[PDB]
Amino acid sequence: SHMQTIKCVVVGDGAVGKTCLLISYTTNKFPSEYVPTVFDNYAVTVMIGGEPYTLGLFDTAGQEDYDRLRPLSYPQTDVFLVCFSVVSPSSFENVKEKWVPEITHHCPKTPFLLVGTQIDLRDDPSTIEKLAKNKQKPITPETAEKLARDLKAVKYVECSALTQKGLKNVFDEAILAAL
């Protein structure tokens, strides 16, 4: 009867665009066009296998100032989204070093996906140059899929809030994983 409300907690470093993509998707607005909110967290209704689902996206701060409080929101979680930007090697690193350790400490059996962000920046000349001067290149899907299977993530998905590419699919998969 009444529609069911999936709990999805979103974690990752603080400048990988994670909140931006949560707001863009749930408001159906391009990243530059939404009215800023002083509130946290987002709800969106999505259709999967012909059926509607309310997706509750719980946003978290990726900063250390919040290591204590953040895990409080972890009980009752149906699925985790672990975000890093594909043009930020430190982001990717923190998936391995901080993020999946943290969520699997607290929720050993709750599924999670690896979410690659800002994929439209793989094409940005300036971004590629900045990475080059440190002998780095943007993360590829291949290398992200690997980390996903090695870490035991249900799968890897990636998107650009900017171009909207892959955005819908990311949350389609999050719901599929919770079910």
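Residue numbers count along the first chain shown, from 1. Think of the rigid core as the biggest set of C-alphas that the two forms share within 1.5 Å after superposition. Compared with the form deposited in another entry:
A 2 Å or larger CA shift between these two forms, after fitting on the rigid core, occurs at just one of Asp67, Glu33, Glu129, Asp123, namely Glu33. A movement of the C-alpha atom of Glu51 reaching 2 angstroms or beyond is seen between these two forms when the two forms are aligned on their rigid core.
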Second form
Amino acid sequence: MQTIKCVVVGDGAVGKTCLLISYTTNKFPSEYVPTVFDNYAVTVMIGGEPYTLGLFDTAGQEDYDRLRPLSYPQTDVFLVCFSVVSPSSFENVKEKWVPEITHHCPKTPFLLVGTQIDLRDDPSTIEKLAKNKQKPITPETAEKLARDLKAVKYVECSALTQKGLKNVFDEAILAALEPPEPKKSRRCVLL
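I have the form deposited in one PDB entry already, so could you send the form deposited in another entry?
Single chain only below; no partners, no other molecules.
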């Protein structure tokens, strides 16, 4: 039986751990999540047949830049996440995340995943973004970056309301069935 290893990357605090917990437990975690979601395996049904879906969370923080790629080997699909109400996390998709997974996993498909849809209509969130002369990322804006960065497609979800959450991993499984190729640890020797 074929297994599907799905690795979730993206800036810190974009909701990677929460979207995994809300998807695997059907409950948005209330009060305090682990830094990295404990890697979990679920049997998803696609085409009438079972697939083992392996979900792997990562620490997006800069402090884990050396350790994080060691989880990338034998990855079938990446979820490059950004918060639709965090323009910096969106910028880091082009500036950091897509270059990272492309370096270690050149021929591995990835999806652009906009997280925290619900906050896009939150007045307090809109107000805070406006303070910095910023505004949420529209779906049209993210869809263009997905084509520019050769992403499979742009999907969107809200871990809190589960809106489109099931659809995100459905597209991740479909992208994973596009045959990929193995990964590299870059092999950056020191000293």
